[PDB]
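The form deposited in one PDB entry is given below as one chain in C-alpha cells.
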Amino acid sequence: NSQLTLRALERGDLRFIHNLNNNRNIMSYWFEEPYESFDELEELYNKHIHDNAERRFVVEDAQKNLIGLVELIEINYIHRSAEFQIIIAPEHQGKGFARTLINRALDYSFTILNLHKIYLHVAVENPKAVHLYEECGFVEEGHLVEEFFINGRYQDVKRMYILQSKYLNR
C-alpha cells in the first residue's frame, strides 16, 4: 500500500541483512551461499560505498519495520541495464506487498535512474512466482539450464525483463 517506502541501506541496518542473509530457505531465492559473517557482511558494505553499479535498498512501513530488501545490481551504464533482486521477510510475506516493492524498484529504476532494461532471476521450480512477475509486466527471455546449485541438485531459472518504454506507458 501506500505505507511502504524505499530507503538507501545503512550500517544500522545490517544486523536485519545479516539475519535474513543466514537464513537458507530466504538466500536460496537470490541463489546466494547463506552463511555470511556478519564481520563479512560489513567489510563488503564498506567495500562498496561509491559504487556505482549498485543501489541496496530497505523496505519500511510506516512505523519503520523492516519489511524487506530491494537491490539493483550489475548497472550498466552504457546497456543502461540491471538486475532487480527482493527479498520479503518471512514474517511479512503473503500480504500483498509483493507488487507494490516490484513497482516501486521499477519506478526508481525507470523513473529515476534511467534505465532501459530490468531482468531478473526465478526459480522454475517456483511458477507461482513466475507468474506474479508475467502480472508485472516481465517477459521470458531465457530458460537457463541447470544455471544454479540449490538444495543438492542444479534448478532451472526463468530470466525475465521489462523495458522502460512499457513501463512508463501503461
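Here, rigid core means the biggest group of C-alpha atoms that superpose within 1.5 Å across both forms. Numbering follows the first chain given and starts at 1. First, how it differs from the form deposited in another entry.
Among the candidates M27, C136, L66, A129, the CA atom that moves 2 angstroms or more between the two forms after core superposition belongs to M27 alone.
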Given for the second form:
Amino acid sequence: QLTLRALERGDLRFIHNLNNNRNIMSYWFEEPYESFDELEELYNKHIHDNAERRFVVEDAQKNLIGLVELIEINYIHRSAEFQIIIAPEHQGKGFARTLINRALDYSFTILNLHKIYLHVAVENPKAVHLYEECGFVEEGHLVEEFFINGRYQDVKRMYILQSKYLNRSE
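For comparison with the form deposited in one PDB entry, please write out the form deposited in another entry.
Left out here are the partners and the other molecules; the chain alone remains.
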C-alpha cells in the first residue's frame, strides 16, 4: 500500500510545512533555514551531495504522508542518523512502523550500512517505546543536548545494527 520515493524539487513545499510545528531550528546539510526560499537555495546547492538522503512517503492515492531522512552518512564507519516526520494529519494510522522498517531495509540492503542511530527526546516516552519495539536500543542518555522550547533538554540515543536487522530471524 505505502510507498517511498526519493525526494525532489516539487516536494520542497511539503518539507517546509513539516518543519514548523515541532519547532526546532531545521537544517539542510547542516546549514540552518527557516523559509522556503532559504531551503530552495540549500536544495539546489547540495543536490550532488551524498552525506544525506531523503524520501517522501506517499500512499496509493499520492497523499503526502511523511518524510524519512538519513543524515551524517559516513562510508568508513558505515553509519547514519535517521529521523522521521509524519504530517500531523496522518499520525495515529499505524504508519510509523512500516516506514521505519523501510528506512532500515534501504539503509541495510541498498546503502549497505553497518549502523543506524537516532535521537528521541527523553520527555517523549511513546516514541522511545516505539523505536524499542522496532529493534532499537539505548546507547546513550545525552544530558542537556539541545535547547528546545525555553530550556536544554535530554535525549536518548538509540541504535540498531545490520546483522541484527537482517539476520535476527535465522
